[PDB]
Amino acid sequence: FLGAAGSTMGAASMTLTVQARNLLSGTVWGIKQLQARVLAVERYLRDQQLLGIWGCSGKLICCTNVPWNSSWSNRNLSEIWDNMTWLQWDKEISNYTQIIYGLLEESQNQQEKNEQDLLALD
Amino acid sequence: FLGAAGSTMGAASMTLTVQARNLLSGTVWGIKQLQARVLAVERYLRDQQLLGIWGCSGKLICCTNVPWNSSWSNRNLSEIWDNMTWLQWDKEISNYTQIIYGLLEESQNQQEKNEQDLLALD
Amino acid sequence: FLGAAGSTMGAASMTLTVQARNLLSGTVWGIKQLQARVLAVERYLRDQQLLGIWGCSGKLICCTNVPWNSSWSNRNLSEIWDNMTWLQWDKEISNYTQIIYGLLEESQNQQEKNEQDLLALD
Amino acid sequence: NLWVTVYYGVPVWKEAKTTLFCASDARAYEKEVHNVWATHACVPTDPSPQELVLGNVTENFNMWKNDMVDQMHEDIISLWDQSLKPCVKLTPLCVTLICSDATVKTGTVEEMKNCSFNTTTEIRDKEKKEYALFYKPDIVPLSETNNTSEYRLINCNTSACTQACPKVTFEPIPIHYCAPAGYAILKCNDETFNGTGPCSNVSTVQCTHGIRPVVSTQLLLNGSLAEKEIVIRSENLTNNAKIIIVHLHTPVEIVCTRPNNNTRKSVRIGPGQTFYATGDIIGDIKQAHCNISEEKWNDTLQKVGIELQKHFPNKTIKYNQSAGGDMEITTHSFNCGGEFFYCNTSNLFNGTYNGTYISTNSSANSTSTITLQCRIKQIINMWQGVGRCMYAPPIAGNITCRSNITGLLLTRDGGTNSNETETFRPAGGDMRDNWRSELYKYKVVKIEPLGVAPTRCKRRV
Amino acid sequence: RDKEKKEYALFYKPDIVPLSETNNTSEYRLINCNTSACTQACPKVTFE
Amino acid sequence: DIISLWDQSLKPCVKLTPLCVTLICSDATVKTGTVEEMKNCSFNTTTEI
Ligand SMILES: *[C@@H]1O[C@H](CO)[C@@H](O[C@@H]2O[C@H](CO)[C@@H](O[C@@H]3O[C@H](CO[C@H]4O[C@H](CO)[C@@H](O)[C@H](O)[C@@H]4O)[C@@H](O)[C@H](O[C@H]4O[C@H](CO)[C@@H](O)[C@H](O)[C@@H]4O)[C@@H]3O)[C@H](O)[C@H]2NC(C)=O)[C@H](O)[C@H]1NC(C)=O
Ligand SMILES: *[C@@H]1O[C@H](CO)[C@@H](O[C@@H]2O[C@H](CO)[C@@H](O[C@@H]3O[C@H](CO[C@H]4O[C@H](CO)[C@@H](O)[C@H](O)[C@@H]4O)[C@@H](O)[C@H](O[C@H]4O[C@H](CO)[C@@H](O)[C@H](O)[C@@H]4O)[C@@H]3O)[C@H](O)[C@H]2NC(C)=O)[C@H](O)[C@H]1NC(C)=O
Ligand SMILES: *[C@@H]1O[C@H](CO)[C@@H](O[C@@H]2O[C@H](CO)[C@@H](O[C@@H]3O[C@H](CO[C@H]4O[C@H](CO)[C@@H](O)[C@H](O)[C@@H]4O)[C@@H](O)[C@H](O[C@H]4O[C@H](CO)[C@@H](O)[C@H](O)[C@@H]4O)[C@@H]3O)[C@H](O)[C@H]2NC(C)=O)[C@H](O)[C@H]1NC(C)=O
Ligand SMILES: *[C@@H]1O[C@H](CO)[C@@H](O[C@@H]2O[C@H](CO)[C@@H](O[C@@H]3O[C@H](CO[C@H]4O[C@H](CO)[C@@H](O)[C@H](O)[C@@H]4O)[C@@H](O)[C@H](O)[C@@H]3O)[C@H](O)[C@H]2NC(C)=O)[C@H](O)[C@H]1NC(C)=O
Ligand SMILES: *[C@@H]1O[C@H](CO)[C@@H](O[C@@H]2O[C@H](CO)[C@@H](O[C@@H]3O[C@H](CO)[C@@H](O)[C@H](O)[C@H]3NC(C)=O)[C@H](O)[C@H]2NC(C)=O)[C@H](O)[C@H]1NC(C)=O
Ligand SMILES: *[C@@H]1O[C@H](CO)[C@@H](O[C@@H]2O[C@H](CO)[C@@H](O[C@@H]3O[C@H](CO)[C@@H](O)[C@H](O)[C@@H]3O)[C@H](O)[C@H]2NC(C)=O)[C@H](O)[C@H]1NC(C)=O
Ligand SMILES: *[C@@H]1O[C@H](CO)[C@@H](O[C@@H]2O[C@H](CO)[C@@H](O[C@@H]3O[C@H](CO)[C@@H](O)[C@H](O)[C@@H]3O)[C@H](O)[C@H]2NC(C)=O)[C@H](O)[C@H]1NC(C)=O
Ligand SMILES: *[C@@H]1O[C@H](CO)[C@@H](O[C@@H]2O[C@H](CO)[C@@H](O[C@@H]3O[C@H](CO)[C@@H](O)[C@H](O)[C@@H]3O)[C@H](O)[C@H]2NC(C)=O)[C@H](O)[C@H]1NC(C)=O
Ligand SMILES: *[C@@H]1O[C@H](CO)[C@@H](O[C@@H]2O[C@H](CO)[C@@H](O[C@@H]3O[C@H](CO)[C@@H](O)[C@H](O)[C@@H]3O)[C@H](O)[C@H]2NC(C)=O)[C@H](O)[C@H]1NC(C)=O
Ligand SMILES: *[C@@H]1O[C@H](CO)[C@@H](O[C@@H]2O[C@H](CO)[C@@H](O[C@@H]3O[C@H](CO)[C@@H](O)[C@H](O)[C@@H]3O)[C@H](O)[C@H]2NC(C)=O)[C@H](O)[C@H]1NC(C)=O
Ligand SMILES: *[C@@H]1O[C@H](CO)[C@@H](O[C@@H]2O[C@H](CO)[C@@H](O[C@@H]3O[C@H](CO)[C@@H](O)[C@H](O)[C@@H]3O)[C@H](O)[C@H]2NC(C)=O)[C@H](O)[C@H]1NC(C)=O
Ligand SMILES: *[C@@H]1O[C@H](CO)[C@@H](O[C@@H]2O[C@H](CO)[C@@H](O)[C@H](O)[C@H]2NC(C)=O)[C@H](O)[C@H]1NC(C)=O
Ligand SMILES: *[C@@H]1O[C@H](CO)[C@@H](O[C@@H]2O[C@H](CO)[C@@H](O)[C@H](O)[C@H]2NC(C)=O)[C@H](O)[C@H]1NC(C)=O
Ligand SMILES: *[C@@H]1O[C@H](CO)[C@@H](O[C@@H]2O[C@H](CO)[C@@H](O)[C@H](O)[C@H]2NC(C)=O)[C@H](O)[C@H]1NC(C)=O
Ligand SMILES: *[C@@H]1O[C@H](CO)[C@@H](O)[C@H](O)[C@H]1NC(C)=O
Ligand SMILES: *[C@@H]1O[C@H](CO)[C@@H](O)[C@H](O)[C@H]1NC(C)=O
Ligand SMILES: *[C@@H]1O[C@H](CO)[C@@H](O)[C@H](O)[C@H]1NC(C)=O
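In the order they appear, the protein sequences are chains J, F, B, A, E and I. So the first sequence is residues 522 to 547, 569 to 664, counted in the entry's author numbering. So the second sequence is residues 522 to 547, 569 to 664, counted in the entry's author numbering. So the third sequence is residues 522 to 547, 569 to 664, counted in the entry's author numbering. So the fourth sequence is residues 33 to 139, 148 to 309, 312 to 321, 321A, 322 to 358, 360 to 408, 410 to 504, counted in the entry's author numbering. In terms of the entry's author numbering, the fifth sequence opens at residue 164 and continues consecutively. So the sixth sequence is residues 107 to 139, 148 to 163, counted in the entry's author numbering.
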């Protein structure tokens, strides 16, 4: 768990399932245990719900048919995936998040309606 | 959220994902807040479980390989998807729901076993 | 529910979806009701999380690209799937489980990274 | 070649423990929201249970290591305490009592006693002299007595008692125990179930049947009956310190009554709290008792001897009295209406059975009835003092209650002198043995719907 | 618990009731004494 | 957590409201052994009656 926190972005591309493995199920104390048990379920289900809204749930690595804007782009692919780590990325890219998320959501629904219209026109 | 409640059926086919992203995220008051937090998880997981049993989970629009019976059919496609909203449909089609859902479940399991026998015979 | 507990394995190939549809639907008694409501959600989400980590979630029958070791193998296919029941199988196979689960997890991540590298090299 | 595959929804299970919850049977609780077992808070079981027999399934059973009976015991204790919590506490009443006499002569049983005291009014300064009739087993002569007429309560040197609220009803509403989703309750279906050992017929269910939490020692009351044969259950049948649960097939009717017309008066203690006691007895004074048919009870003891001589072969068994002890231990405890009876049972368990079928009086018919006398208490210290003591308020008018007998709690007192006659005495007090006779069929399991098997089929990549 | 002290207070007229069995005397009790014991509000609690 | 654990441990135990009475106290360790600190106090306790 979290063994590749200091490695590169590509080097975390083989061990990104061990973070998802431990994400669930890792009267004062009864109250604290009950609150922890509800909190873990909420924090897992929120990430799963966002991944389902983007439509690429069920897999760890996605491709989302949406262009990367030049206002977010600052480096090359070797510079990003061979020099920078994921925590530095989360520090530096974290703005413009909701716009990206809504764009992914509407792109997924556009894909669904286009595929359904293509199969209905078959 | 719920912005297309009065629109047509086709016009709700592009805004059915905004009503799926608000379904989870949103000592007397501690008790009430805890009960609300559990009820949100239950009401989300029931719909996700039914979508998993029908086998078309992970996508918003499905096709289920099951014929539409004439006892349920009363209108044409233009009349359904261009004149009537979803509320009148939910009022009028609500019978035979359990047998429709069971038919979808057995059709999904038949599809799974047929695909497994096809890949085993490969 | 559990109608094919004493039948063969292949006879459970059509009734494995009814064991998956009853897994979520069902102040002393208020405390017991609350604890039962949390326990059902936890026991459903653990199995769904393991299926998602193996990568074959969303379907009932999987194939996992991992060889069956001779140390686990003792019978023929007709002997297993036409004579023995699932409970006897679960009694006689239950060892060497976490290494199987980790093998499936790393195989799923290898499949994901290989597919992403194939689509990136396209 | 052979590739490992996983299946979701396999029908397997494993032994586990969980917190089952109550569920009632949708009884009319629009006015009776005052039950002591709080059954209106249970989930209403509107539909019929999923009664499915499996077929070709064998499961091993052992009910003496069950956790359902321990959970039900803890639920009964906590329900009793949380029902008894907001009621009146009898702390200002533990004073010096002057008790002369209430009954005119000895009568039937002169257990009444006219005790007077100085109660406290709403005003903290003025104290008022008051009287009440107390039963004889509730009052003790006061310490350092020169055979005087000073009496205190039984509980004053042990623990303060809170009285039951008068709106609280002790009626045993049936309770269904239900497993959470993801678990199941597997039950036996052998009509000659040992109690332990495997069963060849197992069915599945989510909720148990409507068991009645009936609290009584010695004889069991209002229980479920056996199917065709009297079933004798024990842990060993050779350890003499193990209670034998005898399960009858035909119920035996008992009629219990307190015939003297009793009244009720309310004594104000403090601001807003009353105390209900016996004010007067109107009419003649008669004896509280219970009635069983003698022929039916003899036939039932004879059939229990028939079923019990095959576990102790070539021997004569002989029923006797209860052992030495207090009234709450020896006497058959009982509760109907709200008054807690304690019946004698020395002429009931009296006789013997050898191998020969001694009496064929079932061919004839008789109206002879065995009558056993019962005393009545007010202050109870039940479940061995793990729960709080309660003062049961008195009930005006006479009390009657019809009941059945479905079980017995026997014990053995064998020895070297018992080489031909075997002694079986009534015993009880461990209250979880009452609920082991209703939870004998059930067991709780956890479903494990992930399965691992090879299919000789590979994933398409 | 032994020493009691004489103390006065000014009570509003609807709160006090003449005592039971009074010969038009000057003995008064609280209104709530024969109904239910009454807890005062904490002074730091605001009813806004 | 320490405060609440302490409060729930001291919740069901014996309260000493009836002990707060007038105590008549005389010295028990009257000797000059440079310890003292033990005062013999008597009072009128309340029995069960
Ligand atoms: C159990 O024990 C209790 C108390 O220990 C007994 O209760 C008392 O019983 C006596 C005897 O019946 C009662 O005395 C009678 O009371 C009648 C009404 O009571 C009012 O009047 C008396 C004054 O006489 C007041 O003291 C009382 O507070 C009430 O205001 C009276 O009408 C009776 O008077 C008649 O008899 C007397 C002689 O005794 C004559 O002098 C009179 O002129 C008149 O003819 C009588 O006084 C008493 O009230 C009861 N209560 C109390 C609190 O003491 C139970 O009787 C006893 N037994 C049972 C079975 O419960
Ligand atoms: C084993 O099982 C049997 C069968 O249930 C039990 O016997 C019952 O015992 C209970 C008391 O524990 C009895 O309940 C009481 O019945 C009284 C008589 O009811 C009859 O008469 C009235 C008026 O004529 C009719 O309306 C009624 O339908 C009956 O025909 C009632 O007076 C009692 O009322 C109490 O409750 C109500 C509602 O809360 C109050 O308003 C009353 O004031 C009062 O408090 C009460 O209902 C019951 O009748 C018995 N049944 C039988 C068939 O005899 C045994 O007790 C049980 N064994 C043990 C050990 O529990
Ligand atoms: C701290 O303070 C307390 C109280 O303030 C002291 O406790 C008392 O100490 C005295 C002195 O020792 C005790 O008196 C003695 O009691 C013995 C047994 O007690 C019984 O008998 C007496 C009657 O004598 C009863 O009053 C008592 O209740 C018991 O029933 C007696 O055997 C002693 O009698 C002998 O001495 C007397 C003279 O004092 C002679 O007349 C007798 O004939 C006999 O020879 C004596 O009475 C007293 O019992 C203690 N308890 C109480 C409650 O008063 C502590 O001593 C003091 N110090 C410390 C360190 O704790
Ligand atoms: C207080 O004591 C009263 C006096 O005994 C109790 O009344 C008795 O209640 C029982 C209920 O178990 C009744 O038994 C029933 O009797 C009928 C037959 O009824 C016919 O016979 C009676 C004889 O008195 C007669 O009164 C009727 O009008 C009928 O002609 C049976 O069919 C039933 O199965 C049952 O056995 C007694 O009959 C009844 N006695 C009287 C005199 O009314 C009363 O129940 C007690 N109080 C309480 C609260 O229990
Ligand atoms: C004590 O034992 C009594 C007999 O020993 C029981 O009385 C029997 O209860 C049965 C169940 O309530 C009754 O069966 C029902 O009878 C009615 C009336 O005829 C029918 O409509 C019902 O269909 C029938 N139930 C079923 C499942 O068939 C018996 O009629 C009744 N009497 C006899 C002589 O058997 C008592 O119930 C039992 N318990 C108590 C608390 O008294
Ligand atoms: C309840 O309260 C009443 C008061 O209304 C108590 O009655 C009083 O009891 C005392 C004794 O505790 C009596 O004192 C006795 O006086 C006689 C002489 O009359 C004397 O010989 C005795 O040795 C004793 O000192 C007192 O007279 C009596 N009455 C009044 C009006 O004070 C009563 O004891 C209390 N308790 C009970 C259980 O009733
Ligand atoms: C609280 O007070 C009551 C009443 O005084 C105490 O009950 C008494 O307990 C003793 C000891 O068990 C009993 O003595 C025994 O009596 C039997 C006969 O029943 C006799 O065979 C024994 O040899 C022994 O002497 C006594 O009878 C009993 N009192 C009554 C009225 O039953 C109780 O023990 C006290 N509790 C505490 C914690 O102090
Ligand atoms: C239950 O009922 C039975 C019988 O109705 C009671 O047994 C009998 O109790 C009496 C007590 O009045 C015994 O009488 C006395 O026994 C003593 C001790 O043996 C003796 O020394 C006296 O001379 C006198 O006989 C009587 O023996 C006894 N047995 C019989 C057969 O009558 C019993 O006490 C009641 N209670 C319980 C809790 O069992
Ligand atoms: C009711 O059941 C009892 C026992 O279950 C039957 O009574 C028993 O009958 C036998 C012989 O008829 C008695 O054996 C002999 O009794 C005398 C009496 O002193 C004794 O001296 C002999 O050594 C021998 O043991 C037995 O004691 C007796 N048990 C009793 C009375 O408790 C009775 O026949 C049955 N009644 C009906 C109507 O079914
Ligand atoms: C507790 O004590 C208080 C004070 O004694 C009781 O309040 C009293 O209640 C009675 C009955 O409602 C009142 O009598 C009525 O007075 C009106 C005039 O206001 C008159 O028109 C009626 O015909 C009737 O006589 C009485 O005035 C009232 N006392 C005061 C000072 O207002 C109360 O009922 C007691 N509660 C219990 C549960 O005992
Ligand atoms: C505990 O209770 C006892 C009673 O058993 C108290 O003892 C009594 O105390 C009073 C004073 O509060 C004594 O009264 C005194 O009488 C003398 C004349 O003898 C007089 O000169 C004084 O001015 C005062 O009035 C009383 O005699 C004494 N004994 C009895 C038997 O009543 C005791 O004070 C209570 N408290 C403690 C801390 O012990
Ligand atoms: C095994 O147990 C089941 C359940 O008790 C038995 O099924 C019952 O059979 C009776 C026939 O006497 C029917 O009236 C019941 O309705 C059946 N129960 C249910 C739930 O349908 C079954 O007969 C038993 N089989 C054996 C061989 O003992
Ligand atoms: C029921 O048990 C009592 C236990 O005391 C038996 O009474 C004893 O019987 C033996 C038989 O010889 C005597 O030696 C004892 O002295 C008796 N004890 C007492 C205290 O009396 C009684 O016999 C048993 N009943 C039957 C029918 O055997
Ligand atoms: C057990 O039953 C027998 C008879 O059924 C009782 O013996 C009779 O008791 C009565 C009264 O005690 C006597 O009048 C008879 O003389 C006795 N007959 C015989 C043959 O002994 C015996 O008392 C009962 N046991 C108990 C403890 O009551
Ligand atoms: C039957 O029950 C008795 C007593 O409970 C026990 O000793 C015996 O071993 C049981 N037999 C079987 C086969 O379970
Ligand atoms: C025990 O009784 C049975 C039947 O009464 C009999 O067949 C058997 O021989 C007896 N045992 C002995 C050792 O006599
Ligand atoms: C059993 O007891 C009865 C009592 O009358 C007697 O007739 C019979 O002979 C006895 N049988 C045996 C085997 O002792």
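Please note that a few of the clues may not be correct.
Facing chain F, a subset of chain B residues (Cβ under 8 Å, in silico) [said to hold, decoys possible]:
(1) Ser534
(2) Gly600
(3) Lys601
(4) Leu663
Straight-line alpha carbon distances no greater than 25 Å define the calculated PhoX-like cross-link-like pairs of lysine-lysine that follow [said to hold, decoys possible]:
(5) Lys655(B) - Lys655(F)
(6) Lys121(I) - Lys121(A)
(7) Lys601(B) - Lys655(J)
(8) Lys137(I) - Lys117(A)
(9) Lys601(F) - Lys633(B)
(10) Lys501(A) - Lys601(J)
(11) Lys633(B) - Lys207(A)
(12) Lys655(B) - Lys501(A)
(13) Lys121(A) - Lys153(I)
(14) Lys601(J) - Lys655(F)
(15) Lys166(A) - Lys207(E)
(16) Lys633(B) - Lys168(A)
(17) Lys168(A) - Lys169(E)
(18) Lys655(B) - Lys601(J)
To be clear, the hints were calculated from the coordinates, so they are not data collected in a lab. All residues carry an ideal CB built from backbone N, CA and C; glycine is no exception.
Structure versus earlier hints, numbers of those that do not hold, lowest first: Violated: hints 4, 5, 8, 9, 11, 13, 15 and 16.
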